[PDB]
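What follows is one chain in structure tokens, specifically the form deposited without the ligand.
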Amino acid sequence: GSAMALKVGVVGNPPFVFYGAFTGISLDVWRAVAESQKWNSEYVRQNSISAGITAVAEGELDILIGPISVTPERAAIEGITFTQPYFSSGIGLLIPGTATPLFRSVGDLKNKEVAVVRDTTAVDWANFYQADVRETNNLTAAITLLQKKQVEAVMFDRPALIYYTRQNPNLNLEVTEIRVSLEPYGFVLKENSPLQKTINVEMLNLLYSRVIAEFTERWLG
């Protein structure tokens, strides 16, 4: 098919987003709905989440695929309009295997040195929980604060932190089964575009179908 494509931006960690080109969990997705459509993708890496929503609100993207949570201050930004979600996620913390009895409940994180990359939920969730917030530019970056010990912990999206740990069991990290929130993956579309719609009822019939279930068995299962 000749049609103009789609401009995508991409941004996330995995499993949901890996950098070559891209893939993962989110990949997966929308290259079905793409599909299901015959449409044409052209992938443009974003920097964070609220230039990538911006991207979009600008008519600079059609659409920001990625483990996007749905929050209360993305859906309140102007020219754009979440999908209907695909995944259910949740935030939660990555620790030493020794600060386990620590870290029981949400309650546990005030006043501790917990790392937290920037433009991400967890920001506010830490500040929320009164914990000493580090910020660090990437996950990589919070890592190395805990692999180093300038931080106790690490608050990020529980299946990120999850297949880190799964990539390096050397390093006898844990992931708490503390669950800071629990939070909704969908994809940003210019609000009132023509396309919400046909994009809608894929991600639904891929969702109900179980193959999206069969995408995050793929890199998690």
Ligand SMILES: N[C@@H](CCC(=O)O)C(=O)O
The other form holds:
There are 2 protein chains.
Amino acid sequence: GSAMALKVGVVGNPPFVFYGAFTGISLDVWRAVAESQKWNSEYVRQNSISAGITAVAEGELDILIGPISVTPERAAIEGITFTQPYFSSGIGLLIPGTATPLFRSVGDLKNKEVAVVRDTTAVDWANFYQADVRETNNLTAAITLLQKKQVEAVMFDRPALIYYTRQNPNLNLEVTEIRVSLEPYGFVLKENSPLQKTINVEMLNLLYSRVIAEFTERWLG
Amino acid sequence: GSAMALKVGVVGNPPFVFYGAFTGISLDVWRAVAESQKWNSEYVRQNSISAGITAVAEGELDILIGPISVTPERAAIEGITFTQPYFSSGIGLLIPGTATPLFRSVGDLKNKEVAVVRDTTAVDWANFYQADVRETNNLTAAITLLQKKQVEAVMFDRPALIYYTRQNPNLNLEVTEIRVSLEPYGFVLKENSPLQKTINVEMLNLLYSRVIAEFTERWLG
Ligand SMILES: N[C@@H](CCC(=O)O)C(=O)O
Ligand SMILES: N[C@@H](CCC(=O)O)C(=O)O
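Other form of same protein, the form deposited with the ligand bound, not the form deposited without the ligand:
Full complex below, order starting with the chain above.
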């Protein structure tokens, strides 16, 4: 097809998004949608979810894809609308194997030095649970702070934390059973976008046919 | 407030919707949204989800509330759009206590006489799993068919089935551990509705603040 390409902003971490050029669960979901419509895409990495959402509202992007948590604050941003969610995720905690007795509930987060990645929902949850929040630029940085000793835990999306531990079994880090929150992931479109219905219908088809589950199993099963 | 009332279509069964005038989890969610905006409502019972969706598309209703499963086929209906989902439900099976050994998986549904309520997602799931589908007008009718012997099971939303058994412990009916599907519940608005963002933001607030969980616990905890 020689039709104008949709400008797709990409943000997020493994296993939902990997940067080569772009792969992961979120990319698999988007590509299945685009292919079903024979649409062309032009991918543009975004610095953060906030930057990406503004780019969609300002018309610089047609859609923002990735493991984007659907939150009240984000849904309130003028000019944008979320698609139906395609994944139900949880925000968890990564800690040293020796610290497992210390982290048994969210109440245990109070006053503990917790590392979080900037512009992620974890920043707000860590503040809400009264932790000693230490913001970092990326997950690697947050985990490097855990490997040193500045922090006692890293709060971030559970699938990303589990994926990380699986690439570094040598580290002896553990993802607690604690679920700080349950959050749905969705894509972001311009409000009243003429693409909204088509995208929702296709994402729902992928969801109900268990195709999204297959994508997830390929990266985290 | 003397502002024009929003026309709210109501459809569904307990514990999400009860008909006096209207109560239940779905009504609690909607009322919390309306109250936060100081909106006036005018409730109109709908015969079915399909009828209700058409009424929203045709402008007869401003919104359709209830335990409405967000499906690809419904999302594809012209002129409407679903809100963000507010509940994650499962479609289950109600069977006699003596039949528990017979229903251990969806594969066991093949050729079994299954009762379903017309215009519910269960009709499609029962057909998909190759059951001997017997459509009925309402849940009471489907269960009355189970109490007789025309059917070997009733396929319907799990929370409604559990609620039913709890009002009739004398019956000795059991809700199997089988989950035929996992489906999100949402409300239906007119496509590009000027109410969409406000409604989504409020429903998300209720969700994240655990208020929706409190509503559910009040009727099924
Ligand atoms: N789900 C997180 C982002 C997770 C990630 O960057 O992988 C958020 O929406 O803030
Ligand atoms: N969730 C079902 C309806 C359940 C009910 O009527 O209570 C559907 O969307 O078909």
